[PDB]
Amino acid sequence: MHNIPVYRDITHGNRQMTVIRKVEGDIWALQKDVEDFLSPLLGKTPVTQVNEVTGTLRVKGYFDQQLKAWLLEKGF
Amino acid sequence: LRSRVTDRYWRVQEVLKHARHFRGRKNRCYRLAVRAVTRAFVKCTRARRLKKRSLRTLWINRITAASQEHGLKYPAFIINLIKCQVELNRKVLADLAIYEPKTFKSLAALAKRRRXXXXXXXX
Amino acid sequence: XXXXXXXXXXXXXXXXXXXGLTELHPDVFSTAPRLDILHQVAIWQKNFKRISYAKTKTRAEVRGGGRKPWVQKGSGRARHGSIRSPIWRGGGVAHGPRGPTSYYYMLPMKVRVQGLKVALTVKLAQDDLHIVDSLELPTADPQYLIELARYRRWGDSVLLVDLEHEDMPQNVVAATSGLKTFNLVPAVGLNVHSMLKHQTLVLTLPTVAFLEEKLXXXXXXXXX
Amino acid sequence: XXXXXXXXXXXXXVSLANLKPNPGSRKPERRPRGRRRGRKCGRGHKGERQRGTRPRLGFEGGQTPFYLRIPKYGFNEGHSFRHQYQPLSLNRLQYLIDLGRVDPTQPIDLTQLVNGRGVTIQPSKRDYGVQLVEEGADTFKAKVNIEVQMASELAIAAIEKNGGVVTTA
Amino acid sequence: XXXXXXXXXXXXXXXXXXXXXXXXXXXXXXXXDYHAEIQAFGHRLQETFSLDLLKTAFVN
Amino acid sequence: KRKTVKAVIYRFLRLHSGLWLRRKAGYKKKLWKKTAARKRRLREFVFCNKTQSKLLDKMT
RNA sequence: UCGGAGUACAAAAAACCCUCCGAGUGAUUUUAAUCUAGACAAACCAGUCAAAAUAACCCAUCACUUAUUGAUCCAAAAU
RNA sequence: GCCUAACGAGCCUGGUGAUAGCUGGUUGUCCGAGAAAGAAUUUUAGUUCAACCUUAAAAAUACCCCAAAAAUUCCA
RNA sequence: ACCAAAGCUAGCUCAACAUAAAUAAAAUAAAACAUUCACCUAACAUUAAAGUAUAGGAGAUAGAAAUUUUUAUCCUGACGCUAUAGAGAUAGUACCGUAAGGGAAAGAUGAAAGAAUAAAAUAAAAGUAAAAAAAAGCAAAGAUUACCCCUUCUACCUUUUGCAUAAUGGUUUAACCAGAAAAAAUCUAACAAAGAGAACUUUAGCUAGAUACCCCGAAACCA
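Protein chains in written order, with the authors' numbering: chain l, 91 to 166; chain U, 10 to 132; chain F, 59 to 282; chain P, 9 to 177; chain h, 35 to 94; chain 8, 103 to 162.
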């Protein structure tokens, strides 16, 4: 199989946003880790979690490379 | 398929319930009842807005009368009350102008006193 | 890997026995049940069962003629065409149901499958799901079933999925005869509609076997 | 975490009456009846827009249409008689090698590529050929035989370089 | 349902031409007991004693 | 099902991204007084405006 | 339909059955070969300027300065 | 002129729910924002994109704008 | 309390199953019109090819074929409707026209007449009940008395730059009566380099659901 889901969301034609799906463990801790990781790099931490029956991690920027690398090396 | 059922009849019943005491078909027919109801509400708002104006004018007239009884007019009394730092409303002032002539007589005396003192200080 | 352990209580269903032990591992269980999927599945199941027999007659389908009732001008009356017009009390409706249709639609396999799966999870975690080794009804009478449901304190509505439909007459005969509380259905005929219809689920070992096989094969086919 | 929180509390057993959609799932369809937009149902005052007889699309109002002022070219002439060839990247191939698919030379063929869901269906394409456009070919795995209609120069290059076999039919 | 509202409108319209006399026992909707009344009577007013004499006071 | 307008299909070309392409008009005749550069640039292609490109998209 | 000068006072644009003149071209000599940036104007469609590279040499004047034309499909001297 | 009480071409039925850019009409509540003219058209009582406006998201910055300069056109 | 409403039942729509001769047009669409026009007269099954190959004042529009894929009976009714709905139908009657033809309206007591059991008696219309001291009123409201005079206000709707307008529509009441189309998109979910029930799409897509384009009217033409 392939490691982790990766959702590239398009709100409009020329506009792009990043979307992650819950895989292993609780979403809160991983979200905090995402904030702490993206804070020095981006300068800000615009991380938002949308949870109904499952969850969606949405941030402002493109971290997807670091996303895949992180969730790969971690193994979750 | 739906039905007209009692909905329209109940709405008409309500409007006609509010259409009571009206004259003629307006207390009977539905359409004229509505047309009269709209006007009734508009007149309600407008008259409730102008009620303060009517009461104010009436009070001003009464106070003007009670003032003219003492030899001074309404504007002079108003000015004197302003310089006397009196924030008393014209409603209570009119009530005193009716039931309690003594208080209004005192205020008029102080008014003439302030007017005479200002006219003597200006000269 | 989190392994869920469910206890299967074997009932010999004669009377006064709640004692039985079997270790079950229902990997079919889901963390959070989807209300949206379940609702869509229910709505769809309600949708494809619609006959769509509603019929009316548009002004063109009215038996009445298309002749003009009077002259256009000079008559003093209003301008009017055929009396089958919707403005006439002798006419029909234009926007009416008369034109037929089909209210059903094709729902993706993963959606309905995950629907049955999630529903099964709901019934599972709700304690309303019980697993047995087999089923016995030696006396085969309504009174026995009623007093059994009352003594064992089962749910108000219990859906029994046991048989493969090819055997065991003694059970089916009494179970399918004049019983509002209990409902019968083969293991291969198990559906989400039937589960959501009842407040309590009771399954046997072969039923759970075929069910978990079908659901694991569909989950493995949906994951791959 | 939600399983434990749902199993901890005793709910209403979720009767069919307790079924509710997620927020924003189904739209509250707008009905023209009301004082919100008066009597025109959003069609505006008069005009031909009000009528159901309103003019057809692709019409500029009687002035010379946009498409009529445009010259002609053989762009559409191609889509009919063109010979169809589908390019395939070596990255996809090495990806198939890394997916744990069939290793040996003999069974490998286009059919096996069909069964692996790695092929593009060409029902409307007559005389369908198979071509290979090079990409993702850096340090790709070795000893893999590939049989295609016509392979590009860099494709045959890349394949033969690592010891692969190119079969041209 | 339209039947319940038609029955309620008919009962409310029937009570206009017919006026029933006031009853003392059916006056209060909830059950009327001696202790409840004297308890509230004790909670409202400052001080209340002699429950027997109090009950006797309302007896005719 | 909808019928695509052939008038658009012939003289217009849609890419995979949804971009429309058309030939420059004016090259057909009366080139005697026209500059060779004009004809040269009229023999090339041009992309349609998004407003009209959408209209041509709905017809394809 | 188009161009110029006023109405339309020191970047644009701006009407009337307002007001002056001009065009569907006329002539004399050298000749405008291939295409890469980047802009003006512009609802659509039509119009202007053009560094620079390559191959081969080493457009211009009058009609005050600009005007002096025609978007599709269909025919022909032949491609 | 007449051809069954109205004949510049009868009446009945059917095509037919002919066509109408016109005219006469289009029903419950509350909240926020909120339009009067750029060129064309066998076109002026109609249309097609600009001049506006509304919804839902993103990346920017924008204006009132003084002296360097050409009532304005530009910019602290 | 008067004319009056309110209480039921016939009745049917649709799906499935059983069982003495001879090229019709035109109105219309292409906002005119002239070549042209899905459609209709008889034969013409599903998936996909495909709105493709082509045709067309190359305008509107029209539009395949080669080829592909398919399947055994037995299991009946209603998220169709009631005297304005559903067929017009208690009926092609009464009646109209020379004729062809056009075409209606119309029943309720109770288990039992055993003829006073019922239960409301409120829709527009007049009776029980008229204006009332020398006073003005798009018809009320604030005050005021258990009623009124005084003071404060230019009908509704439609059409318009603008209507109380002496511009339009309405006797009143009841009832009937006019926004039903998803491509691309926004949004809710399924899975994800794959989606989707052997059909298509796809440099984050794909699938499913949910969101926006109403009626009446000619003078005439043709058979």
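Just so you know, not all the hints are guaranteed correct.
Claimed, not checked - Each pair of labels, with its calculated beta carbon distance range:
#, chain 1, residue 1, chain 2, residue 2, range
1, P, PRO31, F, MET226, 29 to 39 Å
2, l, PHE127, P, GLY66, 52 to 62 Å
3, P, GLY52, U, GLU96, 54 to 64 Å
4, l, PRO136, F, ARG156, 47 to 57 Å
5, l, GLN156, P, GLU168, 29 to 39 Å
6, F, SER110, P, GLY126, 16 to 26 Å
7, l, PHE127, 8, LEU123, 41 to 51 Å
8, U, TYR39, P, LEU65, 51 to 61 Å
Everything labelled a hint here was simulated from the structure, so no lab data went into it.
Note that the Cβ used here is the ideal one computed from N, Cα and C, for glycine as well.
Here is how each hint holds up against the structure:
{"no.": "1", "hint": "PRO31 (chain P) / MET226 (chain F): 29 to 39 Å", "result": "48 Å, violated"}
{"no.": "2", "hint": "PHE127 (chain l) / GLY66 (chain P): 52 to 62 Å", "result": "54 Å, holds"}
{"no.": "3", "hint": "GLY52 (chain P) / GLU96 (chain U): 54 to 64 Å", "result": "56 Å, holds"}
{"no.": "4", "hint": "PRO136 (chain l) / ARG156 (chain F): 47 to 57 Å", "result": "55 Å, holds"}
{"no.": "5", "hint": "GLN156 (chain l) / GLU168 (chain P): 29 to 39 Å", "result": "38 Å, holds"}
{"no.": "6", "hint": "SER110 (chain F) / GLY126 (chain P): 16 to 26 Å", "result": "43 Å, violated"}
{"no.": "7", "hint": "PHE127 (chain l) / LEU123 (chain 8): 41 to 51 Å", "result": "44 Å, holds"}
{"no.": "8", "hint": "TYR39 (chain U) / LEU65 (chain P): 51 to 61 Å", "result": "46 Å, violated"}
The structure is inconsistent with the numbered hints 1, 6 and 8, although it conforms to all the rest.
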